[PDB]
Amino acid sequence: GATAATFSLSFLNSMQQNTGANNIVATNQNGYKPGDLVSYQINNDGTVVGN
Amino acid sequence: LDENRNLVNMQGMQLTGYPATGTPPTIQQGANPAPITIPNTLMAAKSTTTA
Amino acid sequence: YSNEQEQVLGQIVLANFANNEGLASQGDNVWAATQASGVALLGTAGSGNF
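Residue numbers (full-length UniProt numbering), protein chains in the order written: chain A, 253 to 303; chain B, 102 to 152; chain C, 304 to 353.
Wrong hints could be hidden among the right ones.
[As the list claims (entries may be wrong)] Over 12 Å on every C-beta distance to chain A, these chain C residues come out as not near it, computed from the model:
#1 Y304
#2 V311
#3 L312
#4 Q314
#5 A318
#6 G325
#7 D331
#8 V333
#9 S340
[What the hints assert, rightly or not] Reference excerpt, derived from the structure (chain B facing chain A, CB under 10 Å, subset only):
#10 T142
#11 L143
#12 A145
[To be verified] FRET-style restraints, in silico, Cβ to Cβ:
#13 A:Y284 x C:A318: 17 to 27 Å
#14 C:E324 x A:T279: 22 to 32 Å
#15 B:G131 x A:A254: 54 to 64 Å
#16 A:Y292 x B:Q130: 38 to 48 Å
#17 A:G298 x C:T337: 18 to 28 Å
To be clear, the hints were calculated from the coordinates, so they are not data collected in a lab.
Every residue gets a Cβ at the ideal spot worked out from N, C-alpha and C, and that includes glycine.
Chain A on its own, in the form it takes in the complex:
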């Protein structure tokens, strides 16, 4: 019953210079399972932050 994944994949800065064999160099996305507070810390700008 969970929804799908609407991802706009972008292959920016891709080149074909006969660079040996095809391979990946960078990959990132913006999804995650929910997480629980493990630790926390304070930064000297004022803002606390939990990890």
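Following the hints, put chains B and C in place on chain A, whose structure we already have.
Frame of chain A; chains B and C shown alone:
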């Protein structure tokens, strides 16, 4: 170094200098100091001009 | 194997970071990926930067 591949001291103070631009890239003194970074880009090729 | 036939059963994957010395030591001879270390950036022992 760091995640952004910018030169930085032990505290978080980014290191700056003249950025190099062009192809072949070369320094220029007419640009203001910029945060130096060692990129992860794949250097482009160049056609043969003589032999 | 018995009949003089080879079988490949997997390849060990190596990891390289955009920045070392950000790794957190975790007791025994091992480090943990975290901030100030970058993403895993897996690969193979053959070529690349490994």
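Results of checking the hints against the structure:
{"no.": "1", "hint": "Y304", "in the structure": "holds (30 Å)"}
{"no.": "2", "hint": "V311", "in the structure": "holds (18 Å)"}
{"no.": "3", "hint": "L312", "in the structure": "holds (23 Å)"}
{"no.": "4", "hint": "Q314", "in the structure": "holds (14 Å)"}
{"no.": "5", "hint": "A318", "in the structure": "holds (14 Å)"}
{"no.": "6", "hint": "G325", "in the structure": "holds (15 Å)"}
{"no.": "7", "hint": "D331", "in the structure": "holds (20 Å)"}
{"no.": "8", "hint": "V333", "in the structure": "holds (19 Å)"}
{"no.": "9", "hint": "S340", "in the structure": "holds (14 Å)"}
{"no.": "10", "hint": "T142", "in the structure": "holds (7 Å)"}
{"no.": "11", "hint": "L143", "in the structure": "holds (6 Å)"}
{"no.": "12", "hint": "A145", "in the structure": "holds (7 Å)"}
{"no.": "13", "hint": "A:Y284 x C:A318: 17 to 27 Å", "in the structure": "holds (20 Å)"}
{"no.": "14", "hint": "C:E324 x A:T279: 22 to 32 Å", "in the structure": "holds (24 Å)"}
{"no.": "15", "hint": "B:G131 x A:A254: 54 to 64 Å", "in the structure": "holds (55 Å)"}
{"no.": "16", "hint": "A:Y292 x B:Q130: 38 to 48 Å", "in the structure": "holds (46 Å)"}
{"no.": "17", "hint": "A:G298 x C:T337: 18 to 28 Å", "in the structure": "holds (23 Å)"}
Of the numbered hints given earlier, the model fails none.
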